[PDB]
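Peer 1: If you want the building blocks of each chain, they are given just below.
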Amino acid sequence: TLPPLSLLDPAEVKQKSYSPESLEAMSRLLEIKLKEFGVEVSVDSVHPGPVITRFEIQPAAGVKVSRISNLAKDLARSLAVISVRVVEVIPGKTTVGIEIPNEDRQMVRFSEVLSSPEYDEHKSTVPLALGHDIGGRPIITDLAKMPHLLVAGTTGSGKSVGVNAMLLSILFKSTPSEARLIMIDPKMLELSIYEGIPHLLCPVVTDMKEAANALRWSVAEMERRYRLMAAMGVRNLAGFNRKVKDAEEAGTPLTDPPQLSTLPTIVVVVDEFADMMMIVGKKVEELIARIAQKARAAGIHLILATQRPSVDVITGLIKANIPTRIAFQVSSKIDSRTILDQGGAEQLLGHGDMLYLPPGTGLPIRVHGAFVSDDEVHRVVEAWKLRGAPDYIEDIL
Amino acid sequence: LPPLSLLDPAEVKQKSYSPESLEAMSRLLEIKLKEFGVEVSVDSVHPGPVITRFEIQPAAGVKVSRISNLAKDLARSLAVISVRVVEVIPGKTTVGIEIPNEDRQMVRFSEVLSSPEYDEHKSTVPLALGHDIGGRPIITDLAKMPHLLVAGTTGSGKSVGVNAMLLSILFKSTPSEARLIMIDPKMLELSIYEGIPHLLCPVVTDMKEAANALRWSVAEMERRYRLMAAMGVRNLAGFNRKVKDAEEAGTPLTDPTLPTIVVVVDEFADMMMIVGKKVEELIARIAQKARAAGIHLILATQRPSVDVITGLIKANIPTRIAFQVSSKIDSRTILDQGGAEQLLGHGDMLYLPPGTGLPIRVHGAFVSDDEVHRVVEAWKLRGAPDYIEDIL
Amino acid sequence: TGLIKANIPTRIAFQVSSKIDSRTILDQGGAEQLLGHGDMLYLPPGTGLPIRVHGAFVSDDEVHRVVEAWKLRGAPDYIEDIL
DNA sequence: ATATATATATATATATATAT
DNA sequence: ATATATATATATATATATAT
Ligand SMILES: Nc1ncnc2c1ncn2[C@@H]1O[C@H](COP(=O)(O)OP(=O)(O)O)[C@@H](O)[C@H]1O
Ligand SMILES: Nc1ncnc2c1ncn2[C@@H]1O[C@H](COP(=O)(O)OP(=O)(O)O)[C@@H](O)[C@H]1O
Ligand SMILES: Nc1ncnc2c1ncn2[C@@H]1O[C@H](COP(=O)(O)OP(=O)(O)O)[C@@H](O)[C@H]1O
Ligand SMILES: [Mg+2]
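Residue numbers (full-length UniProt numbering), protein chains in the order written: chain A, 314 to 570, 582 to 721; chain B, 315 to 570, 586 to 721; chain C, 639 to 721.
Be careful, since some hints might not be right.
[To be verified] Away from chain B, derived, C-beta distances all over 10 Å, residues of chain A:
{"hint": "1", "residue": "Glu349"}
{"hint": "2", "residue": "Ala389"}
{"hint": "3", "residue": "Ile413"}
{"hint": "4", "residue": "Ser429"}
{"hint": "5", "residue": "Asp599"}
[Said to hold, decoys possible] Calculated pairs, DSS-like style, for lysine-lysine (alpha carbon to alpha carbon, straight line, at most 27 Å):
{"hint": "6", "chain 1": "B", "residue 1": "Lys618", "chain 2": "A", "residue 2": "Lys606"}
{"hint": "7", "chain 1": "A", "residue 1": "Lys377", "chain 2": "B", "residue 2": "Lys377"}
{"hint": "8", "chain 1": "A", "residue 1": "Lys348", "chain 2": "B", "residue 2": "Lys607"}
{"hint": "9", "chain 1": "B", "residue 1": "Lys657", "chain 2": "C", "residue 2": "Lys709"}
{"hint": "10", "chain 1": "C", "residue 1": "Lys709", "chain 2": "B", "residue 2": "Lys522"}
{"hint": "11", "chain 1": "A", "residue 1": "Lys709", "chain 2": "B", "residue 2": "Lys618"}
{"hint": "12", "chain 1": "A", "residue 1": "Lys522", "chain 2": "B", "residue 2": "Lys606"}
{"hint": "13", "chain 1": "A", "residue 1": "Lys386", "chain 2": "B", "residue 2": "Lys406"}
{"hint": "14", "chain 1": "C", "residue 1": "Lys657", "chain 2": "B", "residue 2": "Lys657"}
{"hint": "15", "chain 1": "B", "residue 1": "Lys657", "chain 2": "B", "residue 2": "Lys436"}
{"hint": "16", "chain 1": "B", "residue 1": "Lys500", "chain 2": "A", "residue 2": "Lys386"}
{"hint": "17", "chain 1": "A", "residue 1": "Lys500", "chain 2": "B", "residue 2": "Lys377"}
{"hint": "18", "chain 1": "C", "residue 1": "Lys643", "chain 2": "B", "residue 2": "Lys607"}
{"hint": "19", "chain 1": "B", "residue 1": "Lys618", "chain 2": "A", "residue 2": "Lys657"}
{"hint": "20", "chain 1": "A", "residue 1": "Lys486", "chain 2": "A", "residue 2": "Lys329"}
{"hint": "21", "chain 1": "B", "residue 1": "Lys348", "chain 2": "A", "residue 2": "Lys346"}
{"hint": "22", "chain 1": "B", "residue 1": "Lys606", "chain 2": "C", "residue 2": "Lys657"}
{"hint": "23", "chain 1": "B", "residue 1": "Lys709", "chain 2": "A", "residue 2": "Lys500"}
{"hint": "24", "chain 1": "C", "residue 1": "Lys657", "chain 2": "B", "residue 2": "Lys386"}
{"hint": "25", "chain 1": "A", "residue 1": "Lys386", "chain 2": "B", "residue 2": "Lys709"}
{"hint": "26", "chain 1": "A", "residue 1": "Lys607", "chain 2": "B", "residue 2": "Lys607"}
{"hint": "27", "chain 1": "A", "residue 1": "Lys386", "chain 2": "B", "residue 2": "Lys436"}
{"hint": "28", "chain 1": "A", "residue 1": "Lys348", "chain 2": "B", "residue 2": "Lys377"}
If you're looking for bench data, these hints aren't it; they were derived computationally from the structure.
Cβ atoms here follow ideal geometry from the backbone N, Cα and C, with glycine treated the same way.
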């Protein structure tokens, strides 16, 4: 009874297209305005895209890539653009990629992302339709193996819309028997509108006295599920669901060290982690650390939307266990490496232009975050409440 | 309402610049840059009230950082206080240097209200806080900020800035829409406001009488927030939709027009220290849902320290205004960038929008305390005050 | 303390022994470069650049003379309930 | 133009010195 | 007795500002 994708707004902005004459002219202009800075290049390919256009240049014989990155602001100021991003390492090809933003920004809608094959047949209970890559290819990842996340970026750069797109990716694919959310929300403006779905376990947790109890129940559920899985000769949640479905195949509900069924995939979401720490502090610090360390094999996954994550806010022991991190628009090369261990997250655009950093890879996949206005979230949540009852667990609080 | 013909009519100045003066200054800028390393060609000039912008076309190979570092030696070599380099102006190729004038002209408040946006501003709490570089008024809506973080080192137009903000709040409102509860610790500012119907109590000048008004504000926001759900509406305009259509259809809608109430918080460092924590962790309570029930704050202080503007108060209010501050140390706790102390003073600010990260150079408006007395007396003469007992 | 620096806009620092003390007083860092013996930089009411004011010398063989010139003209008036 | 030298921001780890 | 706040040393990353 999963909702129809028709509840999302249609693809409209597909009208944009640039003639190859303009690309020729702009590539020659790029070569000239670089050669005016000492570095000579040769535009090799002109790979276009929705928001940016990767002018894949071939550096000369002897020029260093740093001699290009250190002028990624002068070159931008001298091309009548906002800010160019220099992809100092293309994977596979022996080039440097300059990504000059377009004039009219083809917006990305969310039905454009979900209608893609990578989402059609993504066999995980918890996918995440992040958006389109720099060329229109959709980027769809798996929070189940991710296994956690750290949203960041300054004010007005698309963090709330990012979390919204992620949650809607959770909804259009997973029943309450395959996913089950838990949401904390200090400074409530955009997450309250999710209340009532059959995927929650609590109200929208604004009572910071009750956030601690929610996360303590989360840790307790982690412990209980580890006990229950270790008593059944398995090594993670996926193998446990395999065993229970093979049991139901033989029509035999297994023991309960009566009956056991498939277990959900908890998703603990936290918006603006800094405001939560400014209230609960050390009381819910060991809790986040302990639900981030040993809560992958169980299923309790942890999203953490935040502004600039510093060790003052998100401690090192928590960041050292959340290895997949996105960044929308930091302010400098230190606000960048606080969230992404690199630079270049300041050389972006607002309005939802993230840098997805896959787990265990030093190359941020620049992704354009899908746009989801609150009307879409409302027309999805009100359609969920029609399908299920607000199943809550007061025992959590 | 008190009409526009109650303020000082903006004195007519012929000008502070001539085309030959701008041309000579542009040539001087090019020559003083050529004496340095850079090579520069000025193409366009944009005059302004206080700061004048020179959009320069740097030569092929000139890195912007070089001019941004030569900023101070330009300030010296041009015989000015200090200039600032707008490193990237949108949609162009020219770097913008901003040179202070020699004949400052004042931003008089009638010149700010008579602007076409204040008259057309569709709200009840506009903070018409003066012109910008170009000389175009910068009017913002309180209910969308939805709170404020005015600060700046002493003698930076702060009392006058807050007075202009409050006069803007007043000038286009009645007690049925806007309403005020002022907090003036130092016995110094806002003591003039005593008899306007926009007040709910005698101006809270005692400091242990301030926790009372604060607790009443909390109770008021949290009872309006329940009264909303009693009709399913969300914002105060929504709850007003009923009672202003209950007169278009004659509807007896009862207790199952509430006005916006702007708690005017001034020099809150005092209130902080003479109360303690029951005020330190109470504005953080208000700011959460006050933005939906008319309650609003104008949090202002005259020393932005680390223990006065705390992360428990700072993070619930993203809209923040500076003035000429001591140095970068207070710049980083009243704003989040660099250049909030290098302001020409006497009203200049860096307004930071709610959903932006670039503060706009804004020239504050100057309001004569004579005209403040005049307009407060005008309000006292139009209607009459009305207070409430439990405010304590 | 923060309480003392809170509501005292006007400050006067003679030559302090280091720079941390100069920031403790003025928040400027220019008090440690004073030539001693009554030299001081005045941070005027309000704020701004600290003006340097070489203090004036008065000798304890003159404070006593002035105390005498006053004492002869009046008498100690100690309001009882102060202490 | 390109290799170093000096200042600064951020994060870790330790020793004191305060408070509960 | 046992948690915080501060100052320090040290290690990276980043620009500017001098040598060759
Ligand atoms: N995918 C997108 N495309 C275009 N604009 C977007 C997109 N995502 C977000 N925005 C813009 O960003 C704003 C929301 O930013 P937000 O996530 O609230 O930042 P913050 O939470 O830091 O204030 C919206 O006003 C919207 O216009
Ligand atoms: N926009 C302006 N135009 C002219 N003079 C101004 C302006 N803003 C401030 N001033 C001058 O600065 C003074 C305001 O000082 P203020 O910053 O209120 O002191 P404090 O910070 O101690 O309250 C006014 O008396 C006025 O003379
Ligand atoms: N105007 C002045 N010129 C030169 N020396 C001065 C002046 N004023 C004070 N002094 C010096 O200051 C000294 C007194 O300082 P002192 O009272 O010992 O300081 P403290 O009591 O704070 O330790 C005198 O020895 C005198 O020489
Ligand atoms: Mg947000």
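Peer 1: Give me the numbers of the hints this structure contradicts, sorted from smallest to largest.
Peer 2: The structure conflicts with hints 1, 2, 5, 8, 9, 10, 15, 16, 17, 19, 20, 22, 23, 25 and 27, although it agrees with all the remaining ones.
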